[PDB]
Structures are given as C-alpha cells and as structure tokens.
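Take a look at this one chain, the form solved without coenzyme A, written out in structure tokens.
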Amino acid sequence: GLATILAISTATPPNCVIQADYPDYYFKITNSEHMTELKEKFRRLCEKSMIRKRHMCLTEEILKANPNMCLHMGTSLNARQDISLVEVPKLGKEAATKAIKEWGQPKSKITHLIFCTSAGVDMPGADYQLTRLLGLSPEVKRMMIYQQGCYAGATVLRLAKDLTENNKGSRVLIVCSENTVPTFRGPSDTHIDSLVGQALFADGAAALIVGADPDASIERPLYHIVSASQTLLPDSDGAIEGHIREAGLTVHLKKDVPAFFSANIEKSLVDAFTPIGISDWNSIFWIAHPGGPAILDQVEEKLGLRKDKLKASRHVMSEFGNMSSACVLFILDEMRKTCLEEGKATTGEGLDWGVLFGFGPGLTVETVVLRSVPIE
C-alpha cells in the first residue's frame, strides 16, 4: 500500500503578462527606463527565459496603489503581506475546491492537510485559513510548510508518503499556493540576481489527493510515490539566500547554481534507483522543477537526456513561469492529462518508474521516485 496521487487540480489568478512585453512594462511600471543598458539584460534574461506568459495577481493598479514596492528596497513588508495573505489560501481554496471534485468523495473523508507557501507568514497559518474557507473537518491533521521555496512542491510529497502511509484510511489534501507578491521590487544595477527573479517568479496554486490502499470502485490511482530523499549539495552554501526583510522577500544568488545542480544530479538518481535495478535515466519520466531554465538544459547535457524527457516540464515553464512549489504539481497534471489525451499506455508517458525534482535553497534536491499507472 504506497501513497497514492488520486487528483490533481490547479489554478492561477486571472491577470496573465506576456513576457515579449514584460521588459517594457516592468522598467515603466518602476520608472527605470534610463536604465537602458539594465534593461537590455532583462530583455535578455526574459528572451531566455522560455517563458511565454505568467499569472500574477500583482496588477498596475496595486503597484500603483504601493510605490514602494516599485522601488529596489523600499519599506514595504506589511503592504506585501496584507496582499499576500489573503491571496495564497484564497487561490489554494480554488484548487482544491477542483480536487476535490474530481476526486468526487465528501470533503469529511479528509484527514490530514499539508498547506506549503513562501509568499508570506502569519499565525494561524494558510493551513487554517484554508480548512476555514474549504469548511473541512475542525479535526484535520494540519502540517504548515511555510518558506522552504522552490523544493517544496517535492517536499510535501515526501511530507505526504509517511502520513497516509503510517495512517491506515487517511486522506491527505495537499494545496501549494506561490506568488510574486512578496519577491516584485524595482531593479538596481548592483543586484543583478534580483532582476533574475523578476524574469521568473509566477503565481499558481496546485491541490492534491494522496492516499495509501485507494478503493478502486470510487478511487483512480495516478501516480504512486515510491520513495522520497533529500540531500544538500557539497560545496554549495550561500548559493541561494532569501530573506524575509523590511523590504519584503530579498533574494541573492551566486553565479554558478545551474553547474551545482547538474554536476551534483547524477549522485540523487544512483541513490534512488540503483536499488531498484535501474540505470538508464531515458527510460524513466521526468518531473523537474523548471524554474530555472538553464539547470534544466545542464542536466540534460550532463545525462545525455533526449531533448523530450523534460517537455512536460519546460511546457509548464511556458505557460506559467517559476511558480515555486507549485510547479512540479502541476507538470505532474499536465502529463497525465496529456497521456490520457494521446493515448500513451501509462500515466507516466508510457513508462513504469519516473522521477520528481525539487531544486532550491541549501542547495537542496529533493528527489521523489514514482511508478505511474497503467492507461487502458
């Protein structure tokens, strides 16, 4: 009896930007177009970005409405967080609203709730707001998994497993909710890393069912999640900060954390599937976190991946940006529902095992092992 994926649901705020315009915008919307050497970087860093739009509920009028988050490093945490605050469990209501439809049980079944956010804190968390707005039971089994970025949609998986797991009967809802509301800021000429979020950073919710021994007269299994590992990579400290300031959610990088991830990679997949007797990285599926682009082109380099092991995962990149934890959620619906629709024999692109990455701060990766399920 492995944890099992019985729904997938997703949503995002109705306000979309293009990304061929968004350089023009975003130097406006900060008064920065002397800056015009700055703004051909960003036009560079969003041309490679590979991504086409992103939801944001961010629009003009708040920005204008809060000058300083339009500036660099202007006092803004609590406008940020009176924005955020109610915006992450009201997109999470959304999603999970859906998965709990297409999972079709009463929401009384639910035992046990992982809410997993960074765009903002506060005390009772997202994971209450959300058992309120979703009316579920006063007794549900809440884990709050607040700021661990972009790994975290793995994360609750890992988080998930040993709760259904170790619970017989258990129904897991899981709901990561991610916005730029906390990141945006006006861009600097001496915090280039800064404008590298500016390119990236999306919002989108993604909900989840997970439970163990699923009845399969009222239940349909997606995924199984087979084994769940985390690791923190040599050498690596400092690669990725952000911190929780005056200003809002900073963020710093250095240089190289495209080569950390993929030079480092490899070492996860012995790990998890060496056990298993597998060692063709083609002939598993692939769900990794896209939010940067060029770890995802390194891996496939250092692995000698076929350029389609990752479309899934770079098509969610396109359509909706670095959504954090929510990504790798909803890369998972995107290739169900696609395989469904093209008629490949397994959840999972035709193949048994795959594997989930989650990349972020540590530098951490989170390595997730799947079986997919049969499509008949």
Given for the second form:
Number of protein chains: 2
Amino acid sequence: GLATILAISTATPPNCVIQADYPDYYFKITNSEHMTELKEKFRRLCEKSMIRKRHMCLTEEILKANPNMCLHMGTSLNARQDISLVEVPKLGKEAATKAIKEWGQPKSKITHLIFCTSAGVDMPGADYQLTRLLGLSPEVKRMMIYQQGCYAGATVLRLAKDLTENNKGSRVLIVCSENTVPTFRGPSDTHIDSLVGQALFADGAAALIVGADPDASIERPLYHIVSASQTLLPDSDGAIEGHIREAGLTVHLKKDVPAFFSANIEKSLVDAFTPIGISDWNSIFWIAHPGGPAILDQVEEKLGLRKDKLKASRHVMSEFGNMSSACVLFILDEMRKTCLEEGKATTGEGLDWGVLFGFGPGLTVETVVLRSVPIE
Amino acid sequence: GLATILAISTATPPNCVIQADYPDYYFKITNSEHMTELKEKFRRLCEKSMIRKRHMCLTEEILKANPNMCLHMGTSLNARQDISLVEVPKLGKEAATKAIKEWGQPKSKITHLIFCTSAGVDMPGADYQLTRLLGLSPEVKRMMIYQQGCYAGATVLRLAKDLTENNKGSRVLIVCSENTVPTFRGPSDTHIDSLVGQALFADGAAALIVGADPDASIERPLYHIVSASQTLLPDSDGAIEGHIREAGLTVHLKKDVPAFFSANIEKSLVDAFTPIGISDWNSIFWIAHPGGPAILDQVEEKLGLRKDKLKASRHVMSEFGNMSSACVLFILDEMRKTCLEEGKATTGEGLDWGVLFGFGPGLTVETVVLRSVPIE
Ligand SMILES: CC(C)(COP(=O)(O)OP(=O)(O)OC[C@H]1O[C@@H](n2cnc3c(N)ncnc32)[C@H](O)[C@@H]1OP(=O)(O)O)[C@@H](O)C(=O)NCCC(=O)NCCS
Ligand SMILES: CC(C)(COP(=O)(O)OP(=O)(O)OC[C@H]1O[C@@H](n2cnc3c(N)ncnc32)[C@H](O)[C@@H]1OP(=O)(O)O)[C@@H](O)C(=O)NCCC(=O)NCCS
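Having seen the form solved without coenzyme A, can you show the form solved in complex with coenzyme A?
Expanding to the full complex; the earlier chain stays at the top.
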C-alpha cells in the first residue's frame, strides 16, 4: 500500500548549447570580451562543471530582443515573466503527455496534480495552465509548489506520498518544469557566485504518475516511496539564496555549499536507514541532485562511495546540467531505463533499497527512501 | 481518526484604517484629488464593501519613503519585496506563538509546517524564516504554498488533512500571512478593477494546530476535517488574475466574478454533502471566504440561506476586510469563540456538519466539509 511511481517522462527545449563552446558564446552575447580574466575564470567553471551540454529555450535571437537580460542587473523581470510563464507549462505539458501515454490510463483517472517550478510565479499558477492545456478534470486536486528551488524534486515525492496514500483510488500527476529565463544574466567581477549559476543552470521538465495500490493488470510499478524527510543544516543560514527582483531572479551562492552538504549528509542516511537495519551506503542505489559536481564529489569522498554509485546522477548532470527540481526525476528515468536495457535484477541497479536526495536553499536536505521493483 | 483542528490564533499589524475615512486618505496620499469622479466612485466602492476597518502595516510614513508605490504603475517591486518579505513571517510568528500557547504542547512536537502567503516570494521561503524565528525542529517537514491567492485558506486545510492522517503522531502548524504591500497602488481611470482591490484588501495572519487522533487529556478538538475538494468553474478563465511585475502585484478582476461563484456553488454543495445524506444548506454551519460582499450576497440569494448563516463570515469581513487566505481561518476562530461565549451546543453554531469555502483565481472553489465538536 505504498505510493508507487507508475510512469516517468522528461522533456527539454530543442535549443542546446555545447558547454565547451559556452564561455565564448556567453562573453560575446553579453558584450564582455574585454573581461579577459573573468572569461578565463568562467572557462574554468564550465570545464570543471562536468556538463557536456545544456538545453535552454533562451536563444541568441530572444536575448537580442531583450538586451536588459544580457546586463548583470538590467531591469528585466517583466520581460522574463512574459517568456517564462508561457514556457513553464508548455514544456511541462510535453513531459506530462508522454508520462500519461506510458501509464496508459485515461487522463480522467488523474485525481491530483502537483506542479513545481522556480522559473516564474503567476496567478493562477502553472498548475491551472497545465490543467487546461492537458484537459484534466476541472475537479483535479491541485498543489502548486512555487520557488522551492533545487530540493523540490524530492519535495514533490514527499507530497505525492501523503496525497496518494491518504486517498484510496487516487492517481497523482507530478510535473516539474524549470528554465533559465529568470536567472540568465551578464557577468560581474563582484558577483562570481552569479557566474557559477551561469555555468550550471539549465532547462528541463519531468512528469510522473504516482499511486498507491497499483492494478497489476494495467499498471507497472517502477519504485515504491517508503519514507520522506526534510531537514535544515546547522549553521548554514544564507548559503544559498535566490531573490525575485526587478532584474529577475538573482542567485547567491557561498563557496562552502559543498562542504555543508557533505558534512551533514550521513546524518540523513543514519536517520532514514538505521530503522530498516541498513548501514552500508554502497548497498543501496543512489539518486543525488547534481547541484554541482563538488557536492557529488564531496559526498562520495566523505562516505566512501564506490565510484559508480553516482553514475546515473552524473550522467544526467553531464547531458542536461542543473535543471533544478527536474534533475532527480530525470535520474530516476535514466536508472530504470538503463537497468531494463542492461538486464539488471531490479529498477535500482539490482539493489532493493535506494535513497533520493534533494539539496537546496535553507540549506535544506530532502531524503526519500525508495524500494526498487524486480525486472522479470 | 480524522484530521482535527486543535488550536486557532490570529494577528494583525497595529496600524488600522477606518473605511469611512479611506477614500479621502487614499486619494490624498496618491496625489489624485483632482480625480473628483473617480474618487466618488471609490467612495461608493468603500461604502458598498461592508468593511468597517482594515489593518495595514503600510503607513503614510512608509509610503512617503517609497513614492513609486503611490503611482498606479511605478517601478516598485524591489521596495515592496524589501518590506513584505520581513513582514510576512513576522506577523505569522505572532499568530503561531499564540496558537502554540493555546495548544499547550512543546513546539518540538510540531512535525510539519505549512506556510501560505501571496504577499511576496523569496528563496528560502517564509516557511524557513518562520522555522528559525519560532525555533522549530530543523527536521520539521515544511510545505510552502506561495501565490495561490484567496482560496488558499481552504487549500492549507486540504493539505493538512492528508499530511496529518497519513503520518501517525504528526502535528501540523499552519500559518497564513497576507498583506497589502505588493498590491497597494495609486488610482487609474482605465483600471477600475484595481480600485476594487484598494477598497477590499487587508493584512492579517492566522495560525492553527492540526492533528489526527487527539489526546483527550491534553488536547481539545474544535473541528474535524471530513473531506476537501477543489474545482475550476466552467467558462471562467481570466476572471481573476494577479501578475508579479516590476510595479508589484497587479490585480485584474472581471465584473461577473460574483455571478460565476454563485451560479456554480451549489454543485460543490451537492458533490460534498449528498453522499452524507445532507441537502438542506440551512442545516449546516457556513464559513465562506469574503472575497467581496457581492459574492456572499449572491450565494445567499441563490441558495435561499437564512440571513444569519453568513454572520461570522460577514463579521470578519467587517472588522478586517479581505485578508486573502487568512479570512476563513479568522472566521473559524470567530465562530468557535462566539459559540463558546453564547453557550451553543457545538462549535458549529449548534449544528453538526459545516462547509468552508475558498474562492479565488481559476476560478477555483475549494470545498471543505467540517464536523463541529460539542461544547459541554
Ligand atoms: C562551481 C564548481 C563546478 C567549480 O568547480 P571547481 O573548479 O572544481 O572548484 P574551485 O574551488 O576550484 O572553483 C574555481 C574558481 O570558482 C570560484 N568559485 C567557486 N564557487 C564559488 C562561489 N560559490 N562563489 C564565488 N566563487 C566561487 C573559486 O573560488 C575558484 O576561483 P579562483 O580559482 O580564481 O580562486 C564547483 O565549485 C561546484 O560544483 N560548486 C557547487 C555549486 C553550487 O553551489 N550549486 C548549488 C546551486 S543552487
Ligand atoms: C466591489 C463591490 C463591493 C462593489 O459593490 P456594489 O457597489 O454593490 O456593486 P456595483 O455593481 O454597484 O459596483 C459599483 C461600481 O464599481 C464598478 N465595479 C465593480 N466591480 C468592478 C470590477 N471588477 N471591474 C470594474 N468595475 C467594477 C461597477 O461597475 C460600479 O461602477 P458604476 O456605478 O460607475 O457603473 C462588489 O461588486 C463586490 O463585492 N465584487 C466582488 C469583488 C471581487 O471580485 N473579489 C475578489 C477579489 S480577488
């Protein structure tokens, strides 16, 4: 009777940028090539990011039409909203349609909708827009999770667990849709942490169907959501902040963000897995939000993870970059697809128990304990 | 085993405005006294609003320091954010402290926090700020409900029901905190619907403790949350919209908003109460979001409600105005207090079953079915 993931799909905007080409493109389109040292610093950030490509619905053409978006602090929120508020549900609809097709049931059986984005707020919200675009029932029970940043891919699983398990027959559609329209901006030699965001953030959407008590004749379980926790890390106030301003969403990142997450992550593992009798962190499958490669590297080092535990998470980071809440859902899709292709015994890389982590502002750690499903 | 409201408290900023004096004050502080006809129109709106007073943390002094807030469309989002993002959790903390005192248990027993506001978004959110201000456990499970407008006082009860009932031992703190900092603006003879907002919107916060399985030795039930639904009204797209812009939160209201809600409300009553065997809408106690007096008047007329059914809802509207999500929680507090004072048989005006309605963008109707508790 646990909430069960029944289908997962993803979508990205067509427009792609090769990370190796990005420092030249970025410093040219923002008219900052005279910033020779800052460009080389950005080059190092992009090289160290461990990202091969990123999708961005923002094109050279759109940026030329909105030049204040290319300044560091140009007045541009209205322009960003005009673009993003249409894009967020549109990209989410692409992912949702594919998830519903995989699931194979009529959309009239979707009783709940969770929509999640940090790319722009509006009233009514992206949940309303998606409900109308998909033609969901007017009576769909909606939860709109706005502006919760990079841990929210786990938040929506924590939410979906309680919705589906407390409501017999319920089926929840989850949609996360994120993009760089509010955060893209030109460079500043007094805002290096803003450059880090320019090296990492990307567009993407993911959609899931979740329900308790699957009908084995028509539905196929992929993961079970066993537990979901959330905690704030000690002494971490101010380490990640994002402010919605006249210049868009400004991003503020302290250098010891990776150290906070790696220094505290084992406590979440202990609290989540000791009650189950589990203590070997290499004996569980891992989905870790790739907020940056340094978070994943330092967690790996601190815990002594074998070097392939984080392969699925690093693969999504490499092929898609930091798509905020969407990343962990992309990673679940990657792992179950790869396990089916490679003939593994379970959707969790042949292991039975797994952990999914969201990392973001607070500092907040979201810890979800999963069970895999056998692949017969 | 139903989610049960165990404590309710409210808070308002000290600064109060008498509605009879507001047209003169408003047209003076916005430098618009030459708008003689528009001022009289605003006078009629304030007279017809059925509001006696409103609380607003915004003072003449603060508005003088932020003159772009007094224009109709002056660039002012940064100024509004600077004020509102501090005020929202501060006013919420005042209500939360009082609710926790009423409840009487240690704040370490609060396992979940729902924070709700449409007065300003930030990362981390007001839930984070409140957790630190109150000293809740770092492991409190937080849900941040941003920008869902006037139906969200019911949304948080719908959310709290599933959180508490799916988690044994859980106790949820709900805080709604709303204010006029993002919406206050000067008048425009081409934006009459914006004037309607200036006549109606107000500041306030409410806080509740909710939990299933109350401990009768230490806790006192006030209401049980039996069911919670949400629906979009047919052909209503665009009737209420709110946009987060460089000039703040702009408000857009069609004239037939009251007709949409009154024409469709009985369907929600039918769906919610027919399965319980209830059809007499005068036989249940009522909590109705006072989005404007015309909504309450037209619902009353359409359904044939006796003229005192909406007394508690109209009382809160009169003494506090439209505080968005906080209103329905103020009304629950008023009704249980009044019923205790007047010696009624139940916290629901002596009736056993009750309905609580949230109204807002979509158009969305939130329908919560309540049970009262006997007063011995
Ligand atoms: C950004 C990142 C990929 C850079 O990788 P790295 O080069 O191996 O790490 P380094 O310490 O060598 O950083 C290289 C340079 O960027 C600077 N830098 C990195 N993070 C920075 C930050 N948050 N603020 C300011 N400068 C920063 C470093 O100081 C260094 O500058 P310098 O060589 O001129 O002295 C890596 O630091 C990372 O993944 N950080 C976590 C990112 C994060 O916070 N994600 C959450 C976003 S919501
Ligand atoms: C605003 C309100 C109190 C006015 O009460 P009322 O005077 O009895 O109703 P009226 O139709 O006579 O309105 C008076 C005037 O305001 C105008 N008006 C009212 N609502 C308006 C709107 N949404 N847009 C533009 N004008 C509006 C009317 O046209 C009328 O102007 P006029 O006399 O010069 O022709 C009442 O209409 C109400 O409660 N409306 C619902 C408010 C609402 O939408 N709340 C949700 C906010 S999120």
